[PDB]
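In what follows, a structure is listed as structure tokens, so that the remarks can point back to it.
A single protein chain has been omitted; all remaining protein chains appear in their positions.
Order as written gives the chain letters A and B; numbering starts at 1 within each chain.
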Amino acid sequence: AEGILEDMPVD
Amino acid sequence: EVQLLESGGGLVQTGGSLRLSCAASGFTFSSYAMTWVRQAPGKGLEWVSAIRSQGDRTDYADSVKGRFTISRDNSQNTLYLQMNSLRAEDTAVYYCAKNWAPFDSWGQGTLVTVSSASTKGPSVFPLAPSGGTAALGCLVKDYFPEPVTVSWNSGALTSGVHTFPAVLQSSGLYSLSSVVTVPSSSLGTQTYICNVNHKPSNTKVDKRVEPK
Partner (left out) sequence: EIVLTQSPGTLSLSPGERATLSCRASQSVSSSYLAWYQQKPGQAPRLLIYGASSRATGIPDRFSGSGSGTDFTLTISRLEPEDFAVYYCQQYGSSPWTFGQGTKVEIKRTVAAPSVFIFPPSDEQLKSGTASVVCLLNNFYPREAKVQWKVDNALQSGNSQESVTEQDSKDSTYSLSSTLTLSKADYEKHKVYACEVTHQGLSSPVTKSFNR
């Protein structure tokens, strides 16, 4: 769903 | 059914340590970042910390960097918050929440109080009764830390009940009252008992309050 950030990206 | 359930709050000495855990169920835990938000009593919400699905990346609010560590066990469906060098500004209800942002599922919160004061169980004093309305109650006085629990007649009596937010006395200790208004003429035909519980100090009191 656009506007839900279910997870963080790898950094 | 999605459930988040925090554990581990309570009174902590200033500069002491505490670890919180949050047990999760009802969704596939290893697919989501998990989050700790906190709320000081009577104040707004503050983002505290966040951890990637795989335990892979962590982030923190500046106020807690170097003192708080977030972690997670995806074999155990558990989120952790390790809290060191605690200060009074850290006193808050700590909520567990799902996602990096925004937060669709929240836990119930766990209260963390950071103070030097000792635990003190309350004294419970009856407020006796003398439109046609009477009023009676209980004064739950001089306890620490929050919270206390008040019901009337083991939860049977709820209507006309008013349980007030505790006040912080200048002594450092909390005090609250809980009252009931009832028709004057019920005073001889009903028994009224307030059930007070202070889990921080393991105190439980049932006080019947009597007409004058």
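Quick note on the criterion: contacts are C-beta pairs under 8 Å (C-beta built on N, C-alpha and C of every residue); 3 or more make two chains touch, one makes a residue touch a chain.
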Which residue of B:40, B:61, B:117 or B:187 touches the chain not shown here: B:61
Residue in contact with the excluded chain [from B:10, B:26, B:165 or B:183]: B:165
Touching residues (missing chain, whole complex) on subunit B: 44-47, 50, 59, 61-62, 95, 100-104, 106-109, 123, 125-128, 131, 133, 135, 137, 139, 141, 162-167, 169, 175-177, 179, 181
Where the unshown chain meets subunit A, residue by residue: 1-5
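In the analysis below, only the chains that are shown with their structure count from here on.
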Cα-centroid distance, subunit A relative to subunit B, in whole angstrom: 31
Subunit A - residues contacting subunit B, complex: 3-11
Subunit B residues within the subunit A interface of the complex: 31-33, 50-53, 56-57, 59, 99-102, 104
